[PDB]
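Student: The lines below spell out each chain.
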Amino acid sequence: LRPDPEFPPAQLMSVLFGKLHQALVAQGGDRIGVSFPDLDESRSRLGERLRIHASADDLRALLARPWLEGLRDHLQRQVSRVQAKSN
Amino acid sequence: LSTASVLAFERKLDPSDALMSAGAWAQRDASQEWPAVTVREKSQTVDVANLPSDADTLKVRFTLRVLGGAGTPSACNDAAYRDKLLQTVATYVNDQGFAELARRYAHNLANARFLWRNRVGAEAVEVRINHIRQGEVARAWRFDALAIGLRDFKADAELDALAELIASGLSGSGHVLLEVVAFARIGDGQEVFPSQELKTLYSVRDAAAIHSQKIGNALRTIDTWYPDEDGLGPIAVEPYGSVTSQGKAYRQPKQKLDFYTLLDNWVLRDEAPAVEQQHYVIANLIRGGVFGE
Amino acid sequence: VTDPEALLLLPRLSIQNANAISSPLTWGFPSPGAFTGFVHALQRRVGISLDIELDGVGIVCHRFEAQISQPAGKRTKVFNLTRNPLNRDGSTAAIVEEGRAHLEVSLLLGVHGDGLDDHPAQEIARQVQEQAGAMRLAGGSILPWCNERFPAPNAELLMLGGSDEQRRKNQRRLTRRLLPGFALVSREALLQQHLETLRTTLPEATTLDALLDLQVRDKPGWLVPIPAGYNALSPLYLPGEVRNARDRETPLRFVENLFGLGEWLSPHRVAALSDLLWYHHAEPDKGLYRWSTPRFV
RNA sequence: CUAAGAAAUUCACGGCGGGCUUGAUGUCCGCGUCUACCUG
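Chains J, D and C supply the protein sequences, listed in that same order.
Numbering-wise, the first sequence is residues 9 to 84, 98 to 108 according to the entry's author numbering.
Numbering-wise, the second sequence is residues 24 to 66, 95 to 249, 262 to 356 according to the entry's author numbering.
Numbering-wise, the third sequence is residues 3 to 216, 240 to 322 according to the entry's author numbering.
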């Protein structure tokens, strides 16, 4: 999420998460994970870059869908994207 | 000698209120008739806007009127200031035209930036621009928005043919009226986002719409001339150029890169800044407003 | 006479049935010699234990209602009366009257003591204010608190703390709770300037004061005549030769009053809050006794 | 260490009967409110 003038700072990453991140929202596959690369998990605003931490062929071959397309306007303990988090 | 007390500037590049519609893709040649989108309730309730289930492509339509006569103040208080201001704007115009500013306007016309939160999520966005001299069309254009970069400043043949038309309008040669339409394949039943009103949506003839000044804001994201950091790239031209979505305030008056200080030493002590700042001060005089003490 | 170190402030001192006459000549606010002596009694009852030293007071007078009426006659006022008990015969009493007042003030004191480091800056104001809710201060009692919101917490400011901007910030942070009163300060300067202007007709000082409050002319504020101490006329006595004294350790001097004039400022237009701490200059060299406010302007 | 120390004013009451406020009137006449704006 680059410096954009239209969307919010916490708005663009929240938009491109499950819906705009449709490959990370409805991609199909339980052999990957969306890990926060620089998400500060102590201030409640921890969206910097959700890296798709997957295997070799899972994140390299099974992640070439068009969900990453249309992102040129902005692109460039164990807790993950599951039903355990407070936002 | 000294400055002016109260100045106003009537705006130019006047947009309209964009109405919205729906329909199916590859039926967009017949886009003078489409069932318009109505606002609905959260059945505390609030109001949303959603496409019909059979339809998938949003169509946003508005008209853009270009007036021209930039440097003429609509209200002044001293002829010794006014002749200096019109002299300086005339010397700006005869050196180079509005053509760079025109292609920067036509880029924001080219990519569908006025679809604010409806641009993302789409995958085939095509605008169509008709310049009209009478009630019939006079010059057509049909772009593709996503092939053009949202930060990339290209130089096409059709976009330059549009830019010379807009520059001729800004100089005050003819009459410009662009009936801009924009088709966005968004999918079936996706949440179209119109403008927001005090908490409700914005319909005019029982059909949802964007505010006019929002499209007028989106049409003037041209400022790549930061002092700070060009990683943001373009921004909406403002005096004390500010972003409410990001809370910053670029071109601080402690720097000598704001608008008012630029105009001050540009018309009084006749200190010409760079061409990349003459572009900024003229582009701010285009949007008009209330200047002076 | 020297500088204060800590502006101990009492928050709200509701007073019931205090004195109002306070001189042979005034009848308004009670004599601030009472406020001078009240903190010396407070130091004598507390300040030896907590190891402090108190010298000056300010007054704010949050409200003041006297007890007067007019019996369908003049605009002059008669006073309140108290029924007196019967004598040995049980017939009547030679009743002698005096005024009353329901005044409500909140004084701010001045501390010089070293005992601000060993004792914390809120215990020394939680003990002093708790002591002074059990003593009299002009002839009237000091009332306790009702059951509502509570401004009964006091403060304790140090004027030595912080820089000049911090001093002028905490000064407003103290004055924000002290605003709706009217601070009263001495005005000894302009009398001995007005004298020589009024020296052509008659130089009697009581005449100069009496026509500084009586088209119409201009008064440059709210001038006010107050007692200002005591002039002495009798010489010193011995500690143990006079009959009917309150003790037998101090000498005695018969005294008459000394009338001066003051001013009822607002708390804002003062320079700082070390300008209205009522000390008492007390030269005994065949002299007199006064109580004033130096650095008044 | 205070013009400090001290203090029960109380009981009872018939305001009450009557009235003409009338008459008339010219408020006139002139006027530029502009310029802008992202509500997620």
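Hints are supplied without guarantee of correctness; some may be wrong.
20 Å max Cα-Cα, derived EDC-like pairs, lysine to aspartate or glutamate [to be verified]:
{"hint": "1", "chain 1": "J", "residue 1": "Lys27", "chain 2": "D", "residue 2": "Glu33"}
{"hint": "2", "chain 1": "J", "residue 1": "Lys106", "chain 2": "J", "residue 2": "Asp46"}
{"hint": "3", "chain 1": "J", "residue 1": "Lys27", "chain 2": "D", "residue 2": "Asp195"}
{"hint": "4", "chain 1": "D", "residue 1": "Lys135", "chain 2": "D", "residue 2": "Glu33"}
{"hint": "5", "chain 1": "D", "residue 1": "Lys311", "chain 2": "J", "residue 2": "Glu56"}
{"hint": "6", "chain 1": "J", "residue 1": "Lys27", "chain 2": "D", "residue 2": "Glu174"}
{"hint": "7", "chain 1": "D", "residue 1": "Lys205", "chain 2": "D", "residue 2": "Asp195"}
{"hint": "8", "chain 1": "J", "residue 1": "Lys27", "chain 2": "D", "residue 2": "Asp293"}
{"hint": "9", "chain 1": "D", "residue 1": "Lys205", "chain 2": "J", "residue 2": "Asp81"}
{"hint": "10", "chain 1": "C", "residue 1": "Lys171", "chain 2": "C", "residue 2": "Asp300"}
{"hint": "11", "chain 1": "C", "residue 1": "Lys311", "chain 2": "C", "residue 2": "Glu288"}
{"hint": "12", "chain 1": "D", "residue 1": "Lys311", "chain 2": "D", "residue 2": "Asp327"}
Output of the computed footprint for chain D on chain J, the stretches with three or more beta carbons under 8 Å from beta carbons of chain D [as the list claims (entries may be wrong)]:
{"hint": "13", "stretch": "48–55"}
{"hint": "14", "stretch": "62–75"}
Everything labelled a hint here was simulated from the structure, so no lab data went into it.
Every residue gets a Cβ at the ideal spot worked out from N, C-alpha and C, and that includes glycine.
Student: Decide, hint by hint, whether the structure agrees.
Tutor: To see whether the hints hold, each was checked on the structure:
no.	hint	in the structure
1	J/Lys27 <-> D/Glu33	violated (42 Å)
2	J/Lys106 <-> J/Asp46	holds (17 Å)
3	J/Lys27 <-> D/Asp195	violated (23 Å)
4	D/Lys135 <-> D/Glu33	holds (18 Å)
5	D/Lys311 <-> J/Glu56	holds (19 Å)
6	J/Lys27 <-> D/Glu174	holds (13 Å)
7	D/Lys205 <-> D/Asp195	holds (13 Å)
8	J/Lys27 <-> D/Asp293	violated (29 Å)
9	D/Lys205 <-> J/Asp81	holds (15 Å)
10	C/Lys171 <-> C/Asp300	holds (17 Å)
11	C/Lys311 <-> C/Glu288	violated (29 Å)
12	D/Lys311 <-> D/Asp327	violated (24 Å)
13	48–55	violated (count 0)
14	62–75	violated (count 1)
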